[PDB]
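A single chain, nothing else alongside it, follows as structure tokens in the form solved without the named molecule.
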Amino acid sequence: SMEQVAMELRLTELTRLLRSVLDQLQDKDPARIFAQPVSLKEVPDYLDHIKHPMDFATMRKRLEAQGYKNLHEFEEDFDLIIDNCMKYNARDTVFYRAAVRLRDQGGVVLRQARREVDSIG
């Protein structure tokens, strides 16, 4: 149908906007602490601590499959990255500190993304 196509164009454009958002968020992690999944070879107990792991490469896979329906779903995944880190690592670690800084810097990006998603529809 013509409607299904229109819908698919919207999703494609949302995917386009979310790709730019993801790139901006990932620039706020210059140490690449959150670039890849926590290695289960190197942290073998990780899933005993963290039930829903997340990282930027995994979000990018979902993104490119057009697997985010709305900004809320994308933000859920970004919040998992931060929140998982802040639980597994202690306050006095470079990891925790990196997550705080990513959260703080990311807020600005996400604030305008929400306005753009609402605005453009």
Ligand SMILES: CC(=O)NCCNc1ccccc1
Contents of the next structure:
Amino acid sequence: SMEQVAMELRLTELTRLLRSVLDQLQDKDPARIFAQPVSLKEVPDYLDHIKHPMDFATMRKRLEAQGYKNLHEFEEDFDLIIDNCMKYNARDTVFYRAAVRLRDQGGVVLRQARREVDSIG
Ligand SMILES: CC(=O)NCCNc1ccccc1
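Starting from the form solved without the named molecule shown above, please give the structure in the form deposited with the named molecule bound.
Okay, now the whole complex, with that chain kicking things off.
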């Protein structure tokens, strides 16, 4: 139907927009600490601690599969990355500190993204 095409045109642009947001967020992780899923070969006990793992590569896969219906779903996953890290790692680690910085620096980008998504509809 013409409707479903229109719906799919918007989803495509939401995806285009989120792709830009994603690059900007990941630019704030220069050490690439959150770039890939935590390896179970390197951290065997990880899933005993963290029930819903997340990282930028996994978000990107879901993104290109147009798996985010809105910004809120996208933000949930970004928050997972941060919150998981701040629990698994103690406060005085490079890991925890990287999460704090990514959260702080990401807030700017996500504040703008909300206003654009709302604006463009
Ligand atoms: C994002 C995160 O939680 N990173 C710290 C836990 N993962 C880890 C993996 C390999 C070597 C050392 C640590």
